[PDB]
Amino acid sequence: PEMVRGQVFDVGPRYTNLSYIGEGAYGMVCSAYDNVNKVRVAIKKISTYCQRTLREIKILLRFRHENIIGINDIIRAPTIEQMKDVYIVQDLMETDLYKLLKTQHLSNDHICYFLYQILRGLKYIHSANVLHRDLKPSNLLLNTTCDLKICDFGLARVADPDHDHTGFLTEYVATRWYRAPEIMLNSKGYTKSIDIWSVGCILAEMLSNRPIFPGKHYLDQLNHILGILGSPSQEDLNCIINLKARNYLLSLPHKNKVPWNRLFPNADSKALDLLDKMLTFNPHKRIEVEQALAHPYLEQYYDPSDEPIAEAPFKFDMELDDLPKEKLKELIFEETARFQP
């Protein structure tokens, strides 16, 4: 079996000429030559498993969309007893939006096209009643021709708006700078509006190459958001019934709105109108994915007949959070069976 940086990376004879790329949310990621399809591919090693691995595999195997990364193949031992590592093989993409924004200024045309493809993929995900819940530049892959694919469904959930409410300062898992204000106030992140806020943050980041709300800890994230949107209105406060959340907001000094054209003096005006609508404080007033696609900023691309939806809503058969470790390993084994000879 092949080794990389002193660690086993056992992808069978189909995949050769490994090159170490880095670490991801799962572990070691390499590229390799696929001797069947005659292209280099990306392979990630997954090494007591995590429910996030099963979630990712089940979703990605069910989804089929141009702007969502697929799973091409899965490598594992032929039996549960021998199964230790699982390797997930995917299209090799030149880069991701995190790397690209650290080095490259985007033209307005690239911003527009990237945003289109993000929302086109998101339309499909939300049409399946799924929330990605960790949209951010590093989860947006790009090829040499700037085709964009959304990746990492490890924190995804089925939408559940009727059970979205929670108390003030409830802990949350998803990446801090991309969290909607309501996560810190009264929301579990079980509604589609959670993902639109992340997309808004990504749009702002494409406009300036800097994250718009770089909070350094949980409540600092909310104070960055309020420092630009300004104090919420009476009406938007009245929507927050929880007293600890409400009263926290009422305790703050008045903050003025920072106009988008002052933060982004080089931006297209239609881009800033759409940004405003995605970065709306009140999640009920926030624009939805289909409205966003229909916004004038995206008029060159918008074509709902070419923005497909999922054939059916997605469902987890069992509730993943209460499965023991043996049942989780057993389910991963079953979900990956279709790739065995």
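If you superpose the two forms and keep the largest set of C-alpha atoms that fall within 1.5 Å, you have the rigid core. Residue numbers count along the first chain shown, from 1. What changes on going to the form deposited in another entry:
- Compared between the two forms on the core, the listed residues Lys188, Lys123, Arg176, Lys149 keep their C-alpha shifts below 2 Å, save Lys188.
- Core-superposed comparison between the two forms: the Cα of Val258 travels less than 2 Å.
- Superposition of the core reveals a Cα shift of 2 Å or more for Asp164 between the two forms.
- The rigid-core alignment places the CA of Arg64 less than 2 Å apart between the two forms.
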Contents of the next structure:
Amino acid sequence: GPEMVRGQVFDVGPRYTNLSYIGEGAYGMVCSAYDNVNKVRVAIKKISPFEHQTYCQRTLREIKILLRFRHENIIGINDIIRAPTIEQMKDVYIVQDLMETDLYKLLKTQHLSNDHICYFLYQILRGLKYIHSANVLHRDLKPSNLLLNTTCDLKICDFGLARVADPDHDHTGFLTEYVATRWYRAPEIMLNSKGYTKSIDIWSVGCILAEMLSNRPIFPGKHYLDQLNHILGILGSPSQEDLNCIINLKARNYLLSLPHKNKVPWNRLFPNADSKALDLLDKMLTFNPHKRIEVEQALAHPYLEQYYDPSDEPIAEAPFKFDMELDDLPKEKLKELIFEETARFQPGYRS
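Compare with the form deposited in one PDB entry: the form deposited in another entry:
Since only the chain itself is given, any partners or molecules it might have are not part of what comes next.
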């Protein structure tokens, strides 16, 4: 019999043993384990997606994306385990190198020095540069998705909400609504809910920077509509120009209804922060996504000048294109694609 963790079977032996619980979601569980073959500690995610089309879609995306990606600040896939025939495949197990902690945990236990904050931010943006150069949007950056070892190496994880958006094509009206985790959610996810861009990831990074500076989330909305109020309580009411940019009439009128709010200066919120950090914070937390700093310009900001080196910041060799996006398909078809995508890890595979 295979090992079992909190009632879930983890059919991953004999290679992977000594499973310990780490966490879960709606259709899976993550455990730590020991790889007896390579003699390394791993994290193993069990996914059981095949009954729901949206779970299948996200599983395929995460797999396709992470199997192409290779970057020091992004967690790689070491192995994928699943059944030898499509009919027996109910679960998929993804294996990664085990990291020691994550930023969410670290921020519960430790006040970070400015030097730590600066280096972590550099690593997040260096990883993001690579992700955005591939035409991928992460869409769920937050502290618990940033893994760390005690050597201060940072890696971005969780591509379960990530997708490709080929910039040759206007995706306005075609992106999934209600992405990101609420506190890290850019205002245009609420106001241009089907037409946002990779700029949402910069917003989330700004939220993360704010959180490193104070060990608390900057915009802790209690519900979807309160989120936008939290944002505007600090940024203040948008300029008329920024309102006049909002293409969606219902959204623009909804903002016109709201009472006026003044800008809270960054240095009253963060009176002990490095001034340059606050400058970069302001640029990342810019209301208008077309005025918000892009990842390359953020890396070039004075705050990160001791680390910025475009000769050592890889970009994707083969950015993903519109081909990698037509996954709006029946769940049974997505299962076939997941089976094909994971075939290279099976005994007897041939291309």
